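On to chain A.
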Amino acid sequence: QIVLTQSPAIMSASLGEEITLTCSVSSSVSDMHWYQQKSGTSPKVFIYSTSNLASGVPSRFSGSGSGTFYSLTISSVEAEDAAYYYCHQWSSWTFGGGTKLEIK
Partner candidate 1 sequence: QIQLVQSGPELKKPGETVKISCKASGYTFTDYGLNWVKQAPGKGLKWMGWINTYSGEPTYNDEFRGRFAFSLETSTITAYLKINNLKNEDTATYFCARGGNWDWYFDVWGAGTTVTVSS
Partner candidate 2 sequence: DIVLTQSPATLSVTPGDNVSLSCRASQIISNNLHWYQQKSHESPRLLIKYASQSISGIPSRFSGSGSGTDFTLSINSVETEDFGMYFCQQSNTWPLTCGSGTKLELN
Partner candidate 3 sequence: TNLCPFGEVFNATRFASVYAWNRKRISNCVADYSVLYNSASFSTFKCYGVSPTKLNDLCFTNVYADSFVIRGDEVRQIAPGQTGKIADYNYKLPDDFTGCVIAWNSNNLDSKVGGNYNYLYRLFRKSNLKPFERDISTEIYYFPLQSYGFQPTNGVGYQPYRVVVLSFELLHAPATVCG
């Protein structure tokens, strides 16, 4: 079936840097969403259809990717963006392992 591997478990990025977040699949899927969850609140949506941005989110969260690779781009990292990040496609039954972005 489908597994979503995100490596590593936690990426390191001090402020002002531009880091990207990975999401890979075993069998090739058409698209991949992107969800964001802080520590203690319910998750929220950031990106659907691999490039479109959700409501009320600043214009640095614009990712891309196709086939078996889907990347999540953040241009200028801000210290508010310290949350657990999940990518999940329609054809999953199980989310990604989740990667938390920390500030060095």
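The criterion applied here is as follows: a contact is a pair of C-beta atoms (placed from the backbone, for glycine too) under 8 Å apart; a residue touches a chain by one contact, two chains touch by 3 or more; residues count from 1.
The set was built so that all candidates are chains of the complex that A comes from, given by their letters.
Chemist: Only one of 1, 2 or 3 touches chain A in this complex; which?
Modeler: 3
Chemist: Give every residue of chain A touching candidate 3 within the complex, in rising order.
Modeler: 1-2, 28-30, 89-93
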